[PDB]
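As a starting point, one isolated chain is supplied in structure tokens, in the form solved without the named molecule.
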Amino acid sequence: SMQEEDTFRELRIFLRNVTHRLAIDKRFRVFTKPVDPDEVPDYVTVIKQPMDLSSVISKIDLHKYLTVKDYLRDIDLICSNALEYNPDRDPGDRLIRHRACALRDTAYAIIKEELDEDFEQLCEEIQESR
């Protein structure tokens, strides 16, 4: 229905705003763009499902997210990719891991504070009906 299209629209507007707020945080700059093969030619080798905040915007705009749960799976991927690609005790890896945990924690905290649970539940029920 048009009401369901309106619901998904509101979801996309909400997800673009959360994503923008993460992307403008200087801590999260490394997560804003895909990894350039030049700097890191072994990246695409190790990480089978690369994800970054520019790709998340593109996915929102392509109507790939019908629930906040599905969006959070991609935020979780940005985090777990960074924990897997950068697992060493050296400070460069520890700094990326801490920034990746912080992204994930920040996205969850904004959603806890600003997503209405009944809005999510509605999205989940429209998705499950499709």
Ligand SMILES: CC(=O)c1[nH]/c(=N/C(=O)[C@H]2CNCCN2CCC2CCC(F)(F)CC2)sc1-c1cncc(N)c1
Contents of the next structure:
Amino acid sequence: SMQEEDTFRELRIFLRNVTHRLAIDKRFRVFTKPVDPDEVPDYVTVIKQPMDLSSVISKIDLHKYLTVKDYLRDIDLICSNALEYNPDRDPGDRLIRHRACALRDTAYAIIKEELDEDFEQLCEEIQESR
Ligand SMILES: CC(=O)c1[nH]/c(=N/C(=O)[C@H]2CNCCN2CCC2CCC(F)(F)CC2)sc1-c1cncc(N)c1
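Provide the structure of the form deposited with the named molecule bound, given the form solved without the named molecule shown above.
Below: every chain and molecule of the assembly, starting with the one above.
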């Protein structure tokens, strides 16, 4: 309905604001754009389902997220991809893993503090009804 499309619009507005706050954080710059095959060639050998914050923005605008759970699944994918591609004790690996976990923890903390749980429930019930 009209009421339901207004609900999903507010969700998109909220998700755009969270994603922008993540994307401008210096720690998360490595997660802001897809991985250039020129710069690292073996990424596709390890990571079957790439994800990054620019792609999250595009998915928001394509109405791909109808719940915050759907969005958080892509945030979690960014993080688990980073952990999987950087398993070594190497300090470069450990640094990216630390930033990956910080990215995930920061997104969950913002949503826990700022997203009303009745709003997320409404989104879920609209989605369940389709
Ligand atoms: C998406 C992802 O997880 C990813 N992981 C990578 N891991 C590495 O490059 C590991 C490999 N082992 C040795 C150490 N090295 C890391 C060194 C050094 C750490 C600080 C730094 F700022 F991160 C820059 C890299 S590169 C990479 C990626 C690549 N091209 C574009 C994008 N957007 C992300």
